[PDB]
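There are 2 protein chains.
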Amino acid sequence: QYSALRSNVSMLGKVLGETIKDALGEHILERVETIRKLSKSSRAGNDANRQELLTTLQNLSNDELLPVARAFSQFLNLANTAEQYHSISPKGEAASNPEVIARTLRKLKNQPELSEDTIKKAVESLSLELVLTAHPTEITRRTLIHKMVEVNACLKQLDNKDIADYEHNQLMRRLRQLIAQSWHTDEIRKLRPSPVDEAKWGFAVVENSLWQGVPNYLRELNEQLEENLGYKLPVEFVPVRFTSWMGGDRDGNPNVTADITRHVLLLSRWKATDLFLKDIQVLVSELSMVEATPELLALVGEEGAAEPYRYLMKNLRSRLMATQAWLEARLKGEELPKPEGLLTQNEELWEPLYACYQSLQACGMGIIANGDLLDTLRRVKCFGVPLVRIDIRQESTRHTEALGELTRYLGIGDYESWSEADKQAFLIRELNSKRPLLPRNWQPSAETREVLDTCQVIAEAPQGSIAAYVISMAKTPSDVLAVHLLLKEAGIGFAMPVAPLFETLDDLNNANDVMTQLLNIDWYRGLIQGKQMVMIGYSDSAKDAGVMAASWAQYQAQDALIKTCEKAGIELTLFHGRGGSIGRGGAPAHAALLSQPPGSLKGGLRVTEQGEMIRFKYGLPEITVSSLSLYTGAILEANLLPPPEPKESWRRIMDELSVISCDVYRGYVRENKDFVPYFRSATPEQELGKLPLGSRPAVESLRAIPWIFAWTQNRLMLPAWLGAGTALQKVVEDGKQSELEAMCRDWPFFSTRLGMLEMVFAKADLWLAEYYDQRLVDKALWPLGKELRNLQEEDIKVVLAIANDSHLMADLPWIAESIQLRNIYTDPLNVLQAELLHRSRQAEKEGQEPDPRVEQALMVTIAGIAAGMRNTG
Amino acid sequence: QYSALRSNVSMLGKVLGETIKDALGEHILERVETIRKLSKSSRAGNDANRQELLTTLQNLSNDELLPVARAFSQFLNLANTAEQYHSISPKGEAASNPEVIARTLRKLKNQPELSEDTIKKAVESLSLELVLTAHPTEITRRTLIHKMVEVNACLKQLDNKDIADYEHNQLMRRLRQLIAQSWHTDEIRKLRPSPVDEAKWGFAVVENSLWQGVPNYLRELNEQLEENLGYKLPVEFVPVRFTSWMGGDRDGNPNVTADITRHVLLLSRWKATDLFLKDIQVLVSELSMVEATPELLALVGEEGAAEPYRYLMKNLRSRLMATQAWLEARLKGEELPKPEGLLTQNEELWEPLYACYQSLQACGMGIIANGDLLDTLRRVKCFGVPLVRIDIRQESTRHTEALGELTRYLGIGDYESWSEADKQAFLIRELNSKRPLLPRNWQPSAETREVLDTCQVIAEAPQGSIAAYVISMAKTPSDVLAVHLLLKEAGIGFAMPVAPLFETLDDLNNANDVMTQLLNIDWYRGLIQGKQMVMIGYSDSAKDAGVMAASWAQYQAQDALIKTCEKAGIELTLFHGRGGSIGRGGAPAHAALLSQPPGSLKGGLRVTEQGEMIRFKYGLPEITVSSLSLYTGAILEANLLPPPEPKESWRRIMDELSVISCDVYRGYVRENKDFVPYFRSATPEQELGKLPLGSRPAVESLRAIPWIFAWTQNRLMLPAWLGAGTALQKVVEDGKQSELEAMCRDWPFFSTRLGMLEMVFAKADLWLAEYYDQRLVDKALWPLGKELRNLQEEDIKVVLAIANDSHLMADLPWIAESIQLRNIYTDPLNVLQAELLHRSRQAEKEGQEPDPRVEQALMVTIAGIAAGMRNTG
Ligand SMILES: N[C@@H](CC(=O)O)C(=O)O
Ligand SMILES: N[C@@H](CC(=O)O)C(=O)O
Ligand SMILES: [Mn+2]
Ligand SMILES: [Mn+2]
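As given, the protein sequences belong to chains A and B, one line each in that order. Residues in the first sequence are numbered from 96 upward in steps of one, following the numbering used here. Residues in the second sequence are numbered from 96 upward in steps of one, following the numbering used here.
These are calculated hints, taken from the structure and not from any lab test. Where hints are given, some of them may not hold.
Copies of the same chain look alike in the list, so a pair counts if it works inside one copy or between any two.
Heads up, simulated DSS-like pairs for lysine-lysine below, C-alpha to C-alpha not over 30 Å straight-line [as the list claims (entries may be wrong)]: (1) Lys626 with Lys109; (2) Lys373 with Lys295; (3) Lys242 with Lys409; (4) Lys109 with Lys327; (5) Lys285 with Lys409; (6) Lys940 with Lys327.
All chains, please: the whole structure from these sequences, using the hints.
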């Protein structure tokens with residue numbers, strides 16, 4: 096079964112080892128082989144080999160550090176590519192086999208009490224919007240997407256049995272070339288990337304995978320609809336849209352200025368012109384058809400009425416080339432009027448393209464119409480003019496300060512002192528006011544000016560470039576009303592979707608109250624035009640209260656909001672954030688989406704795909720088809736077959752669990768006096784902040800990402816499990832274990848919550864965790880480490896006991912197996928990383944010079960460990 | 096065995112039939128199915144179905160003609176692509192399996208009396224130069240190369256056994272798209288192509304196949320050298336070069352003016368810039384290596400000494416972009432000074448590229464150096480700056496007139512009246528003269544000015560753009576001396592290779608005499624710098640005297656020339672022309688090259704690849720590797736293992752054969768009074784002249800091409816067999832059959848000559864031939880037709896008797912089989928073509944209007960028949 100995968104990893108590793116021998120050494124290969132041996136030994140109890148391991152690492156010269164690190168990082172890299180190849184190959188788990196869609200559609204179709212029209216309308220109302228996010232540990236300076244597409248193509252071809260030995264030889268020769276490139280093509284950011292750089296990586300994902308991936312997803316989905324149900328969605332219906340937060344999210348990031356966003360907004364347009372030209376060229380040459388309709392001929396009428404379809408593609412070609420030229424100037428900083436055929440809306444690309452499609456169908460050229468034209472048609476609506484719409488995100492606090500400084504300058508009062516009823520009073524008065532408020536030539540502070548300039552970019556940008564304004568830390572109705580006032584002042588002609596982001600236990604708790612007041616304001620209700628979009632901050636609430644309380648809190652807030660909006664007639668859209676069980680990808684994800692309160696996906700799927708998981712969910716075009724197909728079935732099933740409502744006793748088990756768990760979690764994280772000092776020593780948290788990892792500049796202070804990432808590198812995974820098990824053991828100790836087991840079998844929310852601990856417990860590593868304490872933590876803090884490690888050992892038993900199994904995550908053997916592989920490949924990077932942190936941390940203590948070798952090897956481990964661990968939050 | 100091929104043709108035909116049903120009809124499919132049935136019946140003797148066939152064709156409306164024709168043309172097209180796919184697939188004849196090289200190298204290596212150094216120097220002196228020629232029946236307006244690469248890729252992928260049904264489904268969906276494109280993408284020249292258009296098709300061959308093909312050929316050849324012999328050729332040795340006659344050959348073509356050549360010369364440079372940029376971009380991003388040599392660092396020294404290889408690739412990128420810009424202006428007709436980094440020589444691309452290679456090897460990055468850099472390195476020397484050097488070609492007569500008009504204007508005398516000793520006298524005097532001769536502001540006639548302007552282009556063009564000046568119809572030493580005088584007058588700074596083209600039996604006969612006089616002129620001998628290049632006009636001499644006399648005449652002239660130049664110390668290079676057994680491609684070709692007089696390829700292989708055979712020899716990159724590999728073994732074997740010298744009695748059998756055969760051939764073609772009238776009626780010769788087939792404007796008059804092509808369409812193949820058999824039967828009738836059989840077993844020249852008749856007799860078709868007489872020829876000319884057809888029936892027996900076989904070409908079963916397939920697919924185009932010629936020819940007789948439908952269907956048959964028949968001369 097996993098034999099083929101085991102063979103490929105072994106094959107790619109020999110090739111790497113070959114390349115390293117050629118490269119520079121047999122010595123480094125020995126540096127690598129001694130470290131694995133010693134590490135395996137040490138773990139298996141040999142305390143003499145632990146000594147040996149410690150001396151071996153300490154004797155590594157600084158010149159050996161990076162090459163050794165990169166080696167370990169590379170072996171892991173081939174392991175993941177062997178892992179991902181296996182996943183889409185038909186003689187392996189086969190993630191992109193269209194049965195994934197059909198299995199879901201068959202289930203529905205033969206489910207009594209499910210009218211076919213009920214099914215058809217759910218189909219016709221599908222909607223997915225995937226919001227790309229930056230990768231927090233992207234270490235190189237150029238995107239590697241395209242090389243990966245290539246290694247994968249080579250593995251695909253070597254899979255053909257009966258391949259003539261010469262073909263085999265040829266394939267292996269390129270494979271060695273491609274691996275060598277990676278060992279020698281070293282790039283390492285020296286400096287913190289910038290929002291433009293991160294915006295650029297998203298364009299790389301779009302062109303190396305989404306560009307082909309989306310249209311294929313749409314063809315397969317369509318072939319399946321018609322096969323299983325008897326009808327194809329209409330050409331005009333493209334249910335997928337991609338959006339990006341890159342150069343749009345300034346929450347906590349001073350480097351994302353209104354100037355940067357302006358810039359990135361332009362760049363996207365430039366890149367869409369680039370990709371759309373490649374599509375249009377193809378079309379200009381293949382559309383030599385001369386048979387056309389009255390309507391189409393009319394549309395050209397003479398001049399090009401002797402090459403009709405070609406005509407309309409040539410016109411578009413110029414129109415695209417003109418706008419390209421204009422944006423390359425603006426990118427450059429030059430201002431010059433815009434050409435007559437400047438492209439700003441998708442309708443401008445759609446229209447002509449759709450006209451050709453229509454005649455070709457009408458005139459008997461169906462097959463040609465449904466080929467590359469169809470693909471460009473779907474890409475216009477999926478990507479269009481802006482390529483990827485961006486989302487703007489700023490904290491609520493920042494809006495309050497801007498509007499406070501404004502009010503004091505006008506002598507009206509001080510907004511950040513007024514009670515909430517006064518703020519709404521002031522906001523509704525001004526929102527209805529016809530006289531401006533923003534002083535024409537004002538002198539605000541840097542911060543305020545930024546808030547003000549950003550809304551001017553939004554307002555200045557063509558409609559459909561910006562998908563939504565997200566308000567992180569939204570706590571009251573004035574928080575939402577505040578951005579509508581600023582946008583009004585910025586001059587905006589359309590209705591911009593504003594979304595509160597509730598990301599704390601109380602804000603989640605108060606969320607429903609906050610929106611019912613907002614919908615009771617008649618002015619607000621008519622401004623949103625029957626649609627609201629809320630954002631649920633799972634990851635931050637879990638930082639606040641622990642994962643159990645956060646999950647139940649989020650469960651309750653969505654159910655309350657779904658019901659509130661339904662009473663009020665508003666189409667609610669839940670915007671999902673980062674991690675959680677909805678961001679696990681694959682089957683768990685599909686289980687997860689279905690485990691949400693009934694109603695939850697009635698207004699669509701909108702999620703924040705984590706940066707570090709992009710390669711694994713959209714890395715190759717076939718993975719994109721898998722990912723979109725999985726999501727698509729989930730929506731459909733969740734909307735026609737919602738989960739049951741919880742048995743009241745369950746609710747009381749969850750209330751309690753939530754209190755015990757939050758109580759234990761805060762016990763340690765907030766109340767325990769040794770925790771912060773422990774944390775800072777045991778995890779590479781401080782270094783993740785100094786090093787040039789994300790574009791943000793170098794426990795309540797911290798952000799979800801750095802909280803999660805730091806514990807992931809240490810291997811304890813504290814954030815993702817902490818009070819859950821403790822609370823669960825206690826409830827069992829009351830004899831309620833039988834109810835916990837019923838909740839698991841019959842309540843999707845609950846099994847899915849327990850499922851997720853299993854995977855975290857599956858990647859955590861207590862031997863490694865203990866090793867960092869031994870090397871990095873002061874002796875007096877060891878007891879706390881031992882305590883937290885023992886908490887986990889006990890939490891795995893309760894979880895295994897409730898799950899009635901003896902092996903963790905036994906329902907997902909392929910995920911289990913793949914986690915087993917990466918764990919062994921990741922092993923040596925954690926062993927090495929501890930030495931680097933030690934060398935690094937002692938240089939500082941003794942006012943030394945950040946050695947560049949030591950720092951770069953550390954960035955390699957960080958990024959390798961993060962890649963081997965994937966999702967851990 | 097041929098099962099897989101039979102399956103694929105059936106598969107592609109169903110898909111075509113599917114597409115046509117969708118398209119416009121079930122009626123046309125019936126138009127096609129009735130015509131094959133009736134045609135098969137008629138042939139098999141049913142004279143009632145022959146009547147039915149005749150009425151069926153006559154009842155076709157003019158609106159049915161083209162679609163019916165195109166259908167038959169398309170089925171043939173899929174048949175050839177199934178045929179060509181099978182040829183390179185490892186589970187079929189496998190043309191590009193590197194054993195082709197190794198088999199040859201093994202043979203050599205273990206051949207006693209063959210020192211390994213003798214072998215190594217032959218290796219180090221290999222040299223191939225393939226001169227591309229236009230396609231005489233290219234009917235569409237855009238090159239289809241690239242689509243064909245794609246259909247082939249799709250067949251390759253469907254060959255994988257174990258292909259998951261979804262993959263299979265996906266592949267078939269594109270296949271249907273691709274076929275549909277061809278049925279609906281109709282383009283048909285309305286007008287005669289132009290030299291630029293034909294120059295453009297050669298660029299299409301270069302980029303869709305030679306660009307990848309050459310470097311692969313070079314890697315395989317290199318891997319084989321080292322495997323079998325123990326050494327690899329050095330990086331600086333690229334033994335292949337491609338040249339084109341497109342926009343260079345004006346022999347007989349008024350449309351190829353000096354202006355056109357100037358233009359085409361520029362365009363090639365533009366296109367090389369285009370392809371070289373794609374290579375350089377790749378290099379600019381993959382060469383991130385920072386480890387470099389003193390020498391390389393020196394070469395950059397600071398500025399870019401922190402990204403050395405990238406630096407040199409970025410410099411070249413600008414340099415290429417600059418020259419591109421300059422040629423797009425010149426192409427446009429604008430004159431503006433040339434940029435500082437204008438590229439004119441290959442050394443300018445070589446140099447930097449080679450520097451990177453050197454450091455990468457030196458610094459341990461061998462594997463990266465030997466990858467894409469190696470490929471660009473080899474392409475520079477194979478294609479370089481000009482992309483494809485062109486060759487200029489003008490008749491000798493035209494030079495005599497230009498120089499006659501010149502002399503009369505100066506009052507010196509009249510060159511075209513002076514005896515040959517006087518012409519040489521005058522020419523040597525002026526060639527040594529320091530005072531000019533060409534009047535500064537003269538008024539010649541159009542013709543003369545063209546001769547004069549063309550030499551000015553040659554002279555004006557950068558050195559290495561023009562490979563040689565070919566003199567068609569060269570008869571005496573003054574013919575060669577004449578072009579050296581004109582070139583001198585045109586101002587030329589380098590030594591341009593001039594080559595006489597002997598293309599008549601007497602000129603072949605006199606060839607040796609002509610060159611010994613030329614080498615006895617001390618002035619000439621020192622001007623050519625130890626190198627002469629002669630051109631052998633097989634195809635035209637055969638038009639003159641028939642194929643046997645021509646072949647023996649050519650055999651004798653090369654042997655005489657090889658010997659003459661060897662005595663004189665000149666490196667002779669035989670330039671081969673069109674068709675003949677050297678242009679058969681594949682194994683016959685390899686046999687053919689080896690059957691030439693010893694010495695023959697000592698100065699390399701230079702051949703004129705026929706236009707209509709390009710798809711079949713260089714159509715896909717893998718076919719190019721096959722073709723170059725076959726040629727390469729032939730050179731090596733021919734140079735280390737020459738054929739035996741003929742037994743004197745053989746020579747006398749050949750003299751006689753040559754006289755009898757020429758005698759019979761001229762009997763019919765020149766002396767017979769009914770022949771011309773017959774010819775013009777039975778073949779589409781006149782129409783091939785009117786229709787927009789080649790770029791030349793709309794029996795001694797005629798040219799090889801039109802002589803051959805016309806008889807190929809009729810199916811009799813007269814030009815390629817005519818007196819051969821007649822002469823052979825006569826010699827058997829003297830009891831010398833036993834000597835003819837010995838000559839065949841032991842004399843390569845002879846078996847190869849008889850081999851070639853077999854293939855012509857294999858594609859000829861006497862039933863079809865008779866059908867054209869019945870439909871197109873007047874009753875009184877029928878007897879001549881019957882006579883010529885009966886000549887052939889008798890010639891096949893003598894040939895089969897001498898070959899001791901009962902089935903034609905029994906030593907080449909795959910070629911035999913593939914000829915069988917195409918013959919059945921071509922069948923209906925000949926049946927249809929006869930009706931078109933009838934309708935066309937009667938419209939004219941009755942002063943009607945060339946109906947465009949009738950003419951376009953005719954162009955389709957012409958081009959289809961020419962494609963099914965491939966090489967027939
Ligand atoms: N994404 C997997 C874990 C992994 O593949 O590393 C899960 O959510 O369970
Ligand atoms: N090129 C083949 C004939 C063919 O393939 O049609 C030969 O020279 O014998
Ligand atoms: Mn937050
Ligand atoms: Mn000629």
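**Item:** Which numbered hints fail
**Value:** 1, 6
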